[PDB]
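A single chain comes next, written as structure tokens; it is the form deposited without the partner chain.
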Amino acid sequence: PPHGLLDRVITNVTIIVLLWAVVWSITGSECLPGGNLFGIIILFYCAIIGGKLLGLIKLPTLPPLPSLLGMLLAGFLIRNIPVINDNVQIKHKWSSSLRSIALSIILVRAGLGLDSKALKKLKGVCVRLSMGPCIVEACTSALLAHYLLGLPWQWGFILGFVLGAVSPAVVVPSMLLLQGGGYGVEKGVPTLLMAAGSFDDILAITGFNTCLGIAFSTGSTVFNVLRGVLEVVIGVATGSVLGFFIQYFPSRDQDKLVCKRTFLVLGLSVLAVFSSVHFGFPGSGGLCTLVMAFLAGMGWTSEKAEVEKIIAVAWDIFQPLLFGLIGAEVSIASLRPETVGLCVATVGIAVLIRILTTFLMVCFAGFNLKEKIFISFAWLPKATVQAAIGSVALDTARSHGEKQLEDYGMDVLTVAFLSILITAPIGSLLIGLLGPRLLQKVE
């Protein structure tokens, strides 16, 4: 009987072709070249293959390049080459929905990992580094945007806020592995960097929106700023009652306990994220999800372990989709070759600023010198939020049909997209590599 490497390769080859064939027969022409479902399948497979090649087969001689770069490049190539783009076209409604489900899963993993005791003695620090680096980065980037790019102050600040928000899709997967090995759980570094990801997106989007309106002179600053406060209050209130809801009603006397639990947390997480966007309170589905998952984890003292394993498997299926799609938005017709060298300057200097301010924010928390550096370098990655709100400024500029504001809009897109390419791949490397050396592994 055939066996060994010959057996394994032919088993996967059929599955790839079968998974297309099975979907094709049921759905028909949607799963053929130029169809919505065809775009999803091979973007899934191109991202998976792209991830394997870079990290394992092509270039492992340097410090192991993470699969984030491979998936991000696979979407980049699919989008830009015209011969392979016209045959691969996912609709925007399916694009946002799949990314939102990826966001829903990652927050559930983040919520089910936070240590209650560790979060207790780290509350001022979580607030500081969530809103401290982001505001200073917003100002410092806006200072540079007014001089290196020449954008006015209003367009400087939307550039700052779009460049400010950290991404929990790069940090949380990396720090959960460190928590699995207990590399820093003595003092709470892994829980520090997974809980702070909530409020920085509320500040960034609220900062982006209220500074976007004043650039177009529509709406009022009072509601846009007050919305950000309301996102917090309804996020906790909805999240709190849902947290005690799941913590009791699936009880230890049922049969399909694990199956019923994992459906409840992730199903309500998907409900929270999509409904909040629909009803007009974006970002209240990420604070709700993180709160309800955390509280649900405090009643699931030791029986939460089986839940997160199923969530971990789901993330492995959605990571190629999320990062592959993100690279699929960046074109080269929305970027300007006149300004790429000094659009690296604003991103390059702002990262230096972001590292510097993150040092001071954590400088009074009892951590030693080494953990401050690790937190300083692990707060950089910026992937999901820049993709979500990068093109909003340019898209709104074209809707109003102005002239000069599209020139400003493209530069925001370049900074929003260059930030993903040069920070997220290097952010993942620093978290994985510097982790074991700096943090104190538990005896």
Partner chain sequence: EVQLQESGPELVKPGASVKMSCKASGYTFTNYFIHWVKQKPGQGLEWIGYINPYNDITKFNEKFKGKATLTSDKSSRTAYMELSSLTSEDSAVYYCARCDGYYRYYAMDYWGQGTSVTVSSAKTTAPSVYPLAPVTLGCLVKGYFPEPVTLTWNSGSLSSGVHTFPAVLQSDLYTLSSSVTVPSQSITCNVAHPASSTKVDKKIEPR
Second form
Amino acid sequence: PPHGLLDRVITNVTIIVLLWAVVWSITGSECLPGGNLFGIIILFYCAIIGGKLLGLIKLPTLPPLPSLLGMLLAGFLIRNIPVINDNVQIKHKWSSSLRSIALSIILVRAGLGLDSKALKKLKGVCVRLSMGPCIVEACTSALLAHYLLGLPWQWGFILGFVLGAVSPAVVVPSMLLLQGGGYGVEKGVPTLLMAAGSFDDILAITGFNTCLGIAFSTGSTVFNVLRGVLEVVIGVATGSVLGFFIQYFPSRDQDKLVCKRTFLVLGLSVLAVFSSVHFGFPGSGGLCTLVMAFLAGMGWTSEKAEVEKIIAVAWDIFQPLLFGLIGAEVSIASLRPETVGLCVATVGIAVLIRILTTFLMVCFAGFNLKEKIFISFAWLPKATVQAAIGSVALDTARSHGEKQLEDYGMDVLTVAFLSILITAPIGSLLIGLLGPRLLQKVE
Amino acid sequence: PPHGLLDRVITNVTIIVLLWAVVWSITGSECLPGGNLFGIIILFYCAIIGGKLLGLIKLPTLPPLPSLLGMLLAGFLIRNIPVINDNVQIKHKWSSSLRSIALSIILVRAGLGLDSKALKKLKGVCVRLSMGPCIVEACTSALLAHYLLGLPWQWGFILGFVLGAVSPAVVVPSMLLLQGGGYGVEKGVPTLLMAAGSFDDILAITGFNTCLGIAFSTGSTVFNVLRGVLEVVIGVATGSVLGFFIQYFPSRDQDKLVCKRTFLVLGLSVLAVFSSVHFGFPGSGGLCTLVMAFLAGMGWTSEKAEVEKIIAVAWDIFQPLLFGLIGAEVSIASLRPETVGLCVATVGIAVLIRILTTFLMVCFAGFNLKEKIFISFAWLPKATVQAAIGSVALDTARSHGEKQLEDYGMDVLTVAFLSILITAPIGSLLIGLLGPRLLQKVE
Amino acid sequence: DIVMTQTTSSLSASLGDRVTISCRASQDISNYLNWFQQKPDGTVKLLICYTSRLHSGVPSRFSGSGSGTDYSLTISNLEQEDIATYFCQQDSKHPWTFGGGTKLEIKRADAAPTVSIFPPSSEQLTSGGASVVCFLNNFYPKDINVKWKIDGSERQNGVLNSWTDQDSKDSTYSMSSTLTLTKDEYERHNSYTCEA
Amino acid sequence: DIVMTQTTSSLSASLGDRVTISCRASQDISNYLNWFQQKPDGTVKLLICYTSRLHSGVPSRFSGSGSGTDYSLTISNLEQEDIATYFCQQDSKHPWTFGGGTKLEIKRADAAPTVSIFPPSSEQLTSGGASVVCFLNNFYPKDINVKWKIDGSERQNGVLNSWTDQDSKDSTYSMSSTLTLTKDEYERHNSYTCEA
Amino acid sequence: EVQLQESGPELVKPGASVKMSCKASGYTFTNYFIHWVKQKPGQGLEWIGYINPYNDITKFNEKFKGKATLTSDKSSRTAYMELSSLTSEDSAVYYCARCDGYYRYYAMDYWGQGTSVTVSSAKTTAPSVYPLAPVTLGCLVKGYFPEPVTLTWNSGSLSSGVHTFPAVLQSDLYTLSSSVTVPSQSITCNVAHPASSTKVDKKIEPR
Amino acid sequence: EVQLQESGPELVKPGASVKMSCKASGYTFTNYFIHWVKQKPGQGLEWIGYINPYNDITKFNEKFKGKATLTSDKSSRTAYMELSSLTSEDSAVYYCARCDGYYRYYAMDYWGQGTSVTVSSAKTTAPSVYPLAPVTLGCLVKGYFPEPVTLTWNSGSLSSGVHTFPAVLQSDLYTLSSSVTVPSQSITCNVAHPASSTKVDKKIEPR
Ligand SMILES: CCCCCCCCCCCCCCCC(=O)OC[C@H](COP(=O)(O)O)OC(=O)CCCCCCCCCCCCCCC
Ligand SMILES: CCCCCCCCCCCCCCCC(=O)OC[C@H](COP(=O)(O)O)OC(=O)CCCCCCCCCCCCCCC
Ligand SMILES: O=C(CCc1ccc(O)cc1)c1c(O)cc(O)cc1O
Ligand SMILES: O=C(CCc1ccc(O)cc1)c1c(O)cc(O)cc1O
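Right, and the form solved in complex with the partner chain of this protein, after the form deposited without the partner chain?
Shown next: the complete complex, the earlier chain at its head.
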């Protein structure tokens, strides 16, 4: 009778084919080569397969390669192989919506995973870590862009801010794994990283918008700076209200408490993210989600474990989609060897300066050498925000119909995709490798 | 602090509003007055509220009114109130797809709930119950249509066959409730009803197609009769293969056995129903689903309880949609008092003859008087197939552009909607009332 | 198809009499012979559905008799409002076909057209065109003949004719005939003679 | 806008010489001055993107010099293939603007047009039309004058002129002048005299 | 009350296309069939086709198959007809009427007002008044593309003999003739062509 | 190989609309910009607008803003352009070229073949040959609507003196004239107007 590897592979192949077949039967034309749903399904499966395959390979002392690399490569190959790309087409609206949902999921997970006492202690350190390295890297990257690539100063800073914020999608899962393992919990390193990795996005996007407006001489800088400040304020206020609400109302004496709480947090986070994006305040949604989830977890205390488990399953489902879509954004047209060497040089030097700055920001915080080194190497990952706003400058330049500005926007896009590819895999691998060693386990 | 009824109502209102808001944020124009998703959401909520409200009322000895009446009335009021109808619009494709999914769910649930030994015993009785009352009611209803309504004979039989098959959507949940309670299990009444209520649909639809072809002198009768026989044969064969497959391959030693089994049964059933409908054999899907689920349950034995639980939750979700959509099909335009009295008379007399025939079919089966009476009163419910093919004759007559045939099709549609409204609520109420009393509990 | 035919296209009727409209189909429509009324201003309203089923809001005068394939519509007494065009429709078969229509015209004593000539003004000669106008007015019934006798010469070409609907105050008719010719044809003739 | 101007619209060139094409913009495009070639059959192919960046597959003869706002294109030696129309484009600003174009014409010894007259045949008189044709052929360069001297009378109207592209075998030119007039104008003249 | 309102008269050029609009108020729009009827001048009516504004199915008279295209929008509660490749034979008044599809004795019973469509080639023109003298007097307005010239006469002439014959096409050249009856002293027709805004008077004298 | 093929020559009437088609093979269709260029005869080219066949965004020259409408379909790998309310000034050859949007020195570097669009009012007509006699001889084909008359001469005349002047518009009446050189015995031009299928010969005699 059936047993062993053959039965498992038969069942998995059957489930995959059956899911596609069911979707095709219900929809029909969407789930066929060229249609949207067929593209989504194929991208999902390819991302999962790539993650697994890359995870398999482990020859050297370094742990198995991160599945992030596999998912990114799957998306990249789907985008760039000619015929596969022609057949597998995903509508932009759907891709953006799925990526937004994945971001909301991970932000909720991070907010739930925070520790109140650690946050109360590492108060200034979080602000420094969130706002120092981003600014310093933006400035140094602008310098490099002006001198090497030849961009003017405004475009240099646009590039520096695009090549800015760290990615919560990469940092949060690894820090949650480490926190579950108990590494660095005594000093609350995972809490510090998870909290700081969700604020610098606001500063990076604010700087990007301001410098873009300066470059195209549109609107005013004061308006964009005030937009950033209002983003912070309204995000905090809305998150606080929602968190204090869901922290009380689904009561401890209801029939399906876990399900209702999970739906409330996830739905409120999705609503915040999408409505804020649609209302012209992209960045208030993430902060509102973080604060809401933090307050809800603080209120629930022990009961939050089941909600965390369900959201972890949701993230397991959604991570392949997010990273496959990010990879599918990358096009080899922008990675032409015309000047790719200089773009790589600027990205590498900016990353080195970012590492040094991050080490100096957490210097006077009570950490020891190993913890500071781990923190510096855990601030590298960049993704899910370089892909979101990488090509905005190029689109604006095209709208203005200026050739020089198109050239500058193309350099910006090349550098964004470079930074993603270079830093996300190495960053995740370094987090995984250096977690157990440098951090101090608590048992 | 929050507690009691007020907290529950606050939470439920919040969840409802939040679900709508999330859908609107993701989609935007769909989930606004006029758009499809807004209509679906409003219909779902209205159906649930109507079911609950109708369930509340219980003055007399009769149990609380069935929620079926509430859901049907909610759909009817949505369809018929002018402004509500204008705002709440559901695309026909979506309505048909949702109803098909609900049918597949209930057929899977019934197939899982069958008992092998009872089916082995009540072998001829099932065939008689499934194919006798339908034929006799079709003939008597055709007689009444010819004499009262004045239809010719071909249209009389088209009407008789439309006013034919019993609805599994109404019979199956009640029989499953009774079987769980242990009523009539010793003689396998629930098994008999659940099995028989899924075959007569094939005969009813076959007769309807044959008589329609005769009326419009299209194709040939031999082709339609052979179509019915092939429906039966290919449905049985496909169901047997699929059941023997899923009965073995998801093995007892896998990590998520229940989830994989549930997905396999539900997905295979949905695929069968939809593909069979799309390939010109509507009726093979239901039989294939029934046989597949029956064989899978027979193979799994005890383990099927969790799958049944999950599918029961799915049915709890989907029943409001199915019945609200069925109600929304009904239009008061067809219920004009021009001749509604005669249509009511024909429906009532046909139902009485059906009751008598059903009592005579199960006469020589080993049941006692109470069991036979309960069975006769449990074969009434009619729905989900009168709404599916009620208006097909009218559409065909309109396509042929004949006034007389349009009149006949309108009479057929009126009688179909009548039969639904008259027989579904009373049938469900009678099943619930007479279950505990007439049937013999086993403990 | 089921092309319908209305026997009379224009029948006179007084203001206090009963009139009948006849519609005959080229087939056997059982009874699906709706009737319609269109007023001169162009507004058309339903009158009688299914042969004799009087519509809601229609005055009781209209009686839609007739059956088989020879249908008819009757007016008890004729009012000034009921002077319009009446169409018979059929929806027995797929392509709905209307009738030719009938116009109700008020009876009156016979009249004689004015038939006055009108020489084109000097502006016509200088402008370049050359149009001669015959104005015969207040005639009854519509039976009129249009012909021009410019300088005795007779042509059967280059004539523009326009009619006036039934007169609402005296129930008469108006005809305007305009002849456009080359200026050279104008130059060789100076006497105007028009026949009607 | 950035309307571009090509100084010379038609410049002669032998089959073994070096030619230069001048394009001047009405602004300061940094270097975005693509060049294009269109052959007489109507097929247009890119030649030089970004002033001097020779395109892939283009023969090495084409050299896209020039910078600032006074660009130019040079041909090392001229082959029979390189006889076509060359356009200078600019994509510095939003609305891309092409130049007026330039046609390369092979040098040759000067020629004299045949300038033969052609009386319309009797079919013309009977048909109704009246067209007189002057056929001056094999002239060089394009500098020609079209005029008709029918019976001494001179008109500046009703003349149809058509030219032939550069001749591929002898590099000459062809002119056809057709005069359409009323038959009456034909009747009063019988001697044909055409000047070129 | 129930009413259907459709677009106003349309001027089109041969080979072009025109979008007719028929919006209805006072009843459930998606509860009725919308039927289109074409009435060529002089000729009788002619059923075109219908659209069900519930599932958006249609049926067309074989004559107008391909020549017409029916569409509807529930939210705007309006229905449109697309006439393609208009020719000289497609210039006529078009009606829209509703019909209850679920009544054993259905009819139209509710019509529009009529949307004239003209398929011609000429452009706008200024009317020219040509006073006529020998009783009666008329000016015989000459060609003008826009039909609604709306010839008028100053107060006093309208007393009697004001027969204003309808404008004729006249080889895509509209000709509207008017006449008056009466002594020698007379008035002038006040042509008020609004399309060209040429309020020409051109008084007629008793020559 | 890379190739863009577009629709063939078109004939339209004033005020109508035309759909241009440009299909490209040999490269990733959604990887490049599709640009449209209109070349009126005698005059130089002039840019119209472009369409990105990835997100379907467009940019139009201010002159053609509203006159043209660009669309594309990835599955068919073709791009279309709509010209609305065509006039006499919209009759010219139309090109489609691709352009790499993500290259710092992008250009077009790949063009279509040209799709002549004619906006006239006349209909098809049969060419009429008018043999001419006094060396040289020509028949002077008269008016005909469809441009591709393709005048021919029987074998032997093509030896020399075969000048065939281009067909002129000539007030919506194409006039293509030919001439031959030579003794008195001659041949006749075999006019082969395919649109009207009038293979007129009309032998010319040495009168
Ligand atoms: C408990 C979790 C709460 C969060 C729920 C979020 C999901 C909401 C479901 C939206 C349903 C979309 C309907 C299809 C769109 C349509 O009709 O199609 C209408 C249009 C797309 O078609 P057009 O582009 O042609 O207009 O919708 C859009 O514009 C957006 C695309 C749909 C959104 C994509 C994501 C849906 C899948 C959700 C996965 C579940 C996530 C939640 C799990 C935690
Ligand atoms: C484990 C259960 C397995 C069964 C799964 C069945 C559901 C499959 C999901 C289909 C997703 C539809 C995408 C939206 C359609 C779209 O893009 O839209 C594309 C079109 C609709 O737009 P148009 O009408 O404009 O073409 O899709 C259709 O034609 C059909 C409508 C979609 C199907 C409706 C039902 C989907 C909701 C499923 C609920 C879950 C049921 C399963 C639980 C047991
Ligand atoms: O993904 C994005 C970028 C979205 C976006 C904002 C503005 C803009 O102009 C374009 C795109 C994003 C945020 O915005 C805010 C976050 O906390 C995280 C995050 O990942
Ligand atoms: O719902 C329907 C009708 C579908 C349908 C079939 C044929 C047709 O012509 C129109 C509609 C249906 C079946 O078919 C078969 C079933 O076991 C149950 C069931 O509920």
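For the two forms, the rigid core is made up of the largest set of C-alpha atoms that agree within 1.5 Å on superposition. Residue numbers count along the first chain shown, from 1. Only residues modelled in both forms are compared.
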query: Moved residue between these two forms - picked from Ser220, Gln247, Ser334, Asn85, where its Cα shifts 2 angstroms or more relative to the rigid core; finding: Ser334
query: Core-aligned C-alpha movement of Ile57 between these two forms reaching 2 Å; finding: yes
